[PDB]
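Chemist: Read off the chains here:
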Amino acid sequence: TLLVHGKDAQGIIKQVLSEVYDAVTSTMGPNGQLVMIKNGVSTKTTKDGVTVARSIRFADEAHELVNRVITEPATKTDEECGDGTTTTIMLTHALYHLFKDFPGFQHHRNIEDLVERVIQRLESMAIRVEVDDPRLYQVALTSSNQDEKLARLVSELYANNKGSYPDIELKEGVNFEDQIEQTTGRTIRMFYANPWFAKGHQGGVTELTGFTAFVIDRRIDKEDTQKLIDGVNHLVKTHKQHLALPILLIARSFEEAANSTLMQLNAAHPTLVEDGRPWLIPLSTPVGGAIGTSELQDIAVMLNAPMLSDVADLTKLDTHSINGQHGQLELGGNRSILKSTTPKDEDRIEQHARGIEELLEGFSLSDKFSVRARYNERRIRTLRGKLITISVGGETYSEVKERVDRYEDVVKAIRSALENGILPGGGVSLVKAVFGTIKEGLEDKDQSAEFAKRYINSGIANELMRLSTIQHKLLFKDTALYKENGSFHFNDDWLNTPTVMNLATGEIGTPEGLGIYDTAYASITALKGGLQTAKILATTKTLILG
Amino acid sequence: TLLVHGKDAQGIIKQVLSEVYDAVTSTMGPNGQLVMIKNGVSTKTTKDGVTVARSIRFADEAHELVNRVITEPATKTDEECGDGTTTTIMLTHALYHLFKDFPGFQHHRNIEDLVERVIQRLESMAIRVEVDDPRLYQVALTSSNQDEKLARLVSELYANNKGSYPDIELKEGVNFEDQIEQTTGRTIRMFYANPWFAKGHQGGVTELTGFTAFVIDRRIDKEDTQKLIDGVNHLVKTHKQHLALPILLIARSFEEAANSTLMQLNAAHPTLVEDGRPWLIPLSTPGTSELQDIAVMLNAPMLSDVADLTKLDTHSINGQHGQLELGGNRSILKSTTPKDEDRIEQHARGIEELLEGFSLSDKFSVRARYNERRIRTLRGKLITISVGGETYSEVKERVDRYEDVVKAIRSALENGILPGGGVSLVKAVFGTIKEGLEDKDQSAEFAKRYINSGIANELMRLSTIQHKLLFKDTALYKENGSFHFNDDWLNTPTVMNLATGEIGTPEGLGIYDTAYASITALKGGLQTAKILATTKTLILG
Amino acid sequence: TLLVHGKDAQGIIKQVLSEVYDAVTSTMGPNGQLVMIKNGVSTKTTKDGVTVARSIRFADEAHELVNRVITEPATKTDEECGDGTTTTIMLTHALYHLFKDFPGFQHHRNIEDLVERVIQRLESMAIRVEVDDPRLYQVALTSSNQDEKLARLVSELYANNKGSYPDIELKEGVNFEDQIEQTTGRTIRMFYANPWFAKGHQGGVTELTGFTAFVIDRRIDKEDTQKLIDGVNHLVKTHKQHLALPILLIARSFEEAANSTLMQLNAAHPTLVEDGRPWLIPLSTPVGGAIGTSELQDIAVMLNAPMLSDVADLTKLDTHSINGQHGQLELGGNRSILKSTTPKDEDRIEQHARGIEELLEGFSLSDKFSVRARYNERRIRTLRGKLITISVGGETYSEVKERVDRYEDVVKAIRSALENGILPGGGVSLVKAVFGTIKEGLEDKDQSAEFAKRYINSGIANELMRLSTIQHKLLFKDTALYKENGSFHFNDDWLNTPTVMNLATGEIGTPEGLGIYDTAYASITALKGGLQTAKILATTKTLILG
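Sequence lines, in order, name chains L, W and D.
So in UniProt numbering, the last spot in the first sequence is 549, and the numbers never skip.
Under UniProt numbering, the residues of the second sequence are numbered 4 to 289, 295 to 549, in order.
So in UniProt numbering, the last spot in the third sequence is 549, and the numbers never skip.
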């Protein structure tokens, strides 16, 4: 196959980036266009940035090669969060033109460092919203495409349950009206190690009404095969009297060498098999690290299981350590779900939750916004979280499944709003961050000498100010903000009291006043990922098609 | 594949919408042309708007992609009502030009709001015709191709049965004259799960004079096999004294795993078999509340789970002694005692009271129309007309002519009536403009948005399109170059009866349309128009 | 596929109609050309209008789409009558140009109404020929391609059997000479409801020497299944002594629900099965209407069967009502054939035939030409008709099968001549019909005011007179009628005494004098069917190929 080198490669890259930019950005705004995508023998017409991005194809192999570097990182890999795909493509285009305008390795290490300092302001500027706070309705209204009914319902579900963070599932209903099912049940991060251990021996959803859990810390492989045989047979022989089946062996990871051993151990005692159900189930959790250790401690407290460091610790056990529960559990390939929790168990969980809360109370104000505190909050939410199943209804079949997706967008938005934070929308938080960072470095008289040389005198600082305006421009062009002159220009005063336009109503004010917000994690990740992809495209000189 | 963006996308869209307009509109009028469609190795020649629309194909993929957005919503999705497809494509093309003429997002939100107020007027203008009302004769006389005898008989069939909506079946008779068979009986949506359970064990028509029905909600498969064995044997052993055979197990769906189990359960008790008839019949229905109607008709208890069959009593179990005719297509009730009809009428009033307390917009929704379909099933009589004539061909043609009359009268009472000839839309637009302008409270805002812009005036020109195509090349457009409406014509409209050749009012002559068809054409036309106008990108990959 | 609209659709329609016209009309006349059709690896050379029309194909789909509208209605659907296909295609072309010349919906409704009054004149003008009348020879001579031997023989067969109308079948013989086989046997319109009831259980030709028939009036479906079980078992149990197998249940129609029931009823009594033959056979008749009721009465009289209104009437029966015949019958999938009729039965048939004849004797002269009288005559002919089998011979194999077809044309001509009527040939009857209708409307002073405005002053009446001439022109162009001037023109005097030319002899005279005749039904149907197809072609604006 052909080999492209030199000015032609940088030529192809510039063209593909341009065409992808034009197709995705046209979706944004009040004059927001619509894209008509062909799929088989049907037609799907949409204005969704992610769905547009996923579907763009090119004929030439050289063109498709570049296309898989701009779209696919924020398209195929981005499965957890759909939002912020339009933003990432948009910023990539912006920052690519910045790397081309200031060429050479010396400038590049300055650009990368300034943008990194802008990212440090956005992470600081994020407003941590509380459950009771009415701002959630504004976020819910924006994410629902101006739905008055849905945004009221979902905002109430979080606000009424002040103390517990609700987990929400969605199913296609039958009626015209919606129906809500509230349940006091917890969601756990454990899942099957092997499909054989489930009901029907093929990775099914096993429902239980009694168990005896044991939490191991170590990652289990071929080295621990003997320790499992010694451990399992000790409990089955000696401590069978005070044991409710099945025995759950929760751990970090179960390798295939260990799983095959535990399959044979189930076959060793065929008397304890009830209706096909295996009496021993290995259960893995995707955590890792010393931060990740304490998630298994939550798993231990929920199910009255003892914490064990080594696999060989299964031998040295007693009636004080072993505790078989008689509640209700639903094991699954994706995740396990608890349901029936006795008042005696809920006392133990709430006491353990208070222990985590007390640790957060005795930390500094700066460390409250850190990864440590937010993870410890994620621990609490898992320990005190309720399951809600909403069955969405409507007039037809197509209107139901579309409304299901519109519900899912609102749930994802409100979850991430309470989790990560909130920033002023309308393309304002990025302009505030850049203009903040330039002013901070210039005003700080210690490093002002170096800061002026690298950024201010170069014209990097000024060119970066022009880039932050991009989003605000696309949203509020062809409207009454850009009416007085050819183009609107920001000043020092506008940073204190920003100016936007509510497209639904038709009024001018501050994002804080009107109520336009974005999720912090989406906007931050867009800048991080936009910087990385821009750098790659600017510094590529060769395309190999063989 | 290729990616089309910019002026080219709006270039293709304009072309395809143009071609589909020309092909479908040519069908309308007295100079209604004919379309020659190819199917296999034959030729179908027709002037039916829907059939033309369904069949138009394009060679280019881009062109075909757009074609599926303009035709297919009023073609493939529209299965319940065939009429109002020529009307929707017409309005789509009209409103598309209105959006291109006033570009930019501010104008668009003003158009969408004015048209929304026009829709509200049509829903108000709609004459909801009653059973006893003599206007049905005018609809019957038009639809039967000026038949004096047929329009009289069918209109009398509806008018004499004031209180019950008659379901009419048609059969090819034997005599010159027609013969009518009236029956006080209801049609039900239940049918055999397996052919074995019928009379003769081969899907026959089993006639019964007594039964004990039980309505289950769940879909039944291999998982419910044990629950059926526990359920059936409980009633046969314990509650045999107050039980009239056969036991009817009505449900959503019976899978083959469950049907085979219930076949063996019939064989388990051979003493209860009378003249071959199986004493247990599973019955499926193709909508949770439709089974509630089935439950009320046959005095059956509503049951969520299959295991609920065990926990039952004389209070819950009620064996009827009426008359039922089970069938592979549908089941038919006949003998209903005065005690049962009190329960059915009380349940029918409960559905009617729910419809009384809804908004005016929701009365034309799927919710209200489904609930009306529930009522008509609960209060409907079966009539069998055997159509006769001189030859064989004259009979079967007269059968079709009867069927068109039934379809017309059903839809007239069901949906509503509006002045035909493209008059109701002109009355709606000109009404809404005058109402907003005359109302001195909002006259300041109304003038700025609609009147001064030229939106109001351009929208008046659009409503004329249908009246133009129907009555161009005739004596209305004779005096001058083009006919123009005035203030006086709204009070007393002007059309032309193409059959007779006379000028008058639609009320006088007798030209009417179904209300739901014309309303939904405007709604669906507005949505498809907006999408077409606002599309700038086509993805062919 | 492509979509053709506007002036191009009308462009194609005109061309295809033109080509088909030229090919089929060149066949007609004394200078009647020949068409050389390819079939497989052989060559068929013919001057037959129907065979030419059936075989014309086009390469383009648009052209072939139209071709199936002009040929196929008088080609594929027209199976009963082969003759009058050259006439129909000719008239289509003519009337198409009449609709194009006077466009607009107001003119069209006037054309259709005038042509309709011409049709009414042709049905009035029809000469009802009698069996003894010698004119049949002239019809026989023209249809046989001037055969002196064949036209003499077939004309004698009808003339000698004065009273009974002979049914003629044809078979490929062995000798050089022909051989005639006369049999006193009747043809009935009954046939198998299902193929299972025949000999071999696969729709074979069951031959019988005894039966007991029962004629039901009603159309039988799922509703009559119980009435059949009660009916059949009543006769099999009670009245078995005076019953000759098989039991024939003749009716209007047997649906598949009823047929399956009667299959099981045969299996119920296996003792009465003789050599595979089912003892119960349902038999349908294609009639419909209350005119059609009396054909079953003929069926009842032939086989000594009782007339029954309801299916439940089978129960209430007795030795006086039940009568089992011991003649000879041949059941068939197409039709049933009676053979052996005893002198006692022939007395009953002749008495019933006289009853129908007496009804015709006491009607008005106008009603003798109506549908009522002609149907009642068709009843008589079925009740008194004899079977004749002619085995046609010749010198080779090909000369025999060609002579078979030439016999079949003569039979079809003479049958329809006596049945329908006779009109003056040479394209004269249509000229007399048009010129009659115009003169009648113009002369009638009551409607003369309206008639002149619609037809005369418009020029429709004059243009219609020119079209009737078309057939007469094609036949007698390039001969001594068109000799004195450029073209022959009709006058007032020629309507009283028409002028043609006998092409065999070479003489000028009246069609009545010389002896040129046409079958009335062929010429009438050609005008009706030609008008309908002309209208469709003129009014088509769109062609869909997808």
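Any given hint could be a false lead.
[To be verified] A few chain L residues facing chain W, derived, Cβ under 7 Å: (1) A26; (2) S29; (3) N34; (4) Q36; (5) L37; (6) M39; (7) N42; (8) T46; (9) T48; (10) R57; (11) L173; (12) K174; (13) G176; (14) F179; (15) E180.
These are calculated hints, taken from the structure and not from any lab test.
Note that beta-carbon positions come from the ideal geometry of N, C-alpha and C, so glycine has one too.
Chemist: Does each hint fit the structure? Answer for all of them.
Modeler: Here's how the hints hold up against the structure:
Annotation: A26 (chain L) was flagged as interfacial toward chain W, and the flag holds, the nearest CB pair being 6 Å apart, inside 7 Å. Against a cut-off of 7 Å between C-beta atoms, the interface hint on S29 (chain L) holds, since the closest Cβ of chain W lies about 6 Å away. A distance limit of 7 Å between C-beta atoms decides the matter here; for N34 (chain L) the minimum to chain W is near 5 Å, and the interface restraint holds. A cut of 7 Å between beta carbons decides the hint on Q36 (chain L): the least distance to chain W is about 4 Å, and the hint holds.
At its closest, the beta carbon of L37 (chain L) sits 5 Å from a beta carbon of chain W; the interface hint therefore holds under the 7 Å criterion. With a least beta-carbon distance of about 5 Å to chain W, the hint placing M39 (chain L) at the interface is held under the 7 Å criterion. Given the 7 Å rule on beta carbons, the hint for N42 (chain L) is violated: about 9 Å separates it from the nearest Cβ of chain W. The beta carbon of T46 (chain L) comes within 4 Å of a beta carbon in chain W, closer than 7 Å, and the hint placing it at the interface holds.
Annotation: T48 (chain L) was flagged as interfacial toward chain W, and the flag holds, the nearest CB pair being 6 Å apart, inside 7 Å. For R57 (chain L), the interface hint is violated, the least distance from its beta-carbon to any beta-carbon of chain W being 10 Å, above 7 Å. Interface restraint check for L173 (chain L): the shortest CB-CB distance to chain W comes to about 20 Å, outside 7 Å, so the restraint is violated. Among the interface hints, the one on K174 (chain L) is violated; its C-beta lies about 15 Å from the nearest C-beta in chain W, farther than the 7 Å criterion.
Annotation: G176 (chain L) was flagged as interfacial toward chain W, and the flag is violated, the nearest CB pair being 11 Å apart, outside 7 Å. Taking 7 Å as the C-beta cut-off, the interface hint given for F179 (chain L) holds, the closest approach to chain W being about 5 Å. Against a cut-off of 7 Å between C-beta atoms, the interface hint on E180 (chain L) is violated, since the closest Cβ of chain W lies about 9 Å away.
Consistency with the previously given hints fails for numbers 7, 10, 11, 12, 13 and 15, ordered from lowest to highest.
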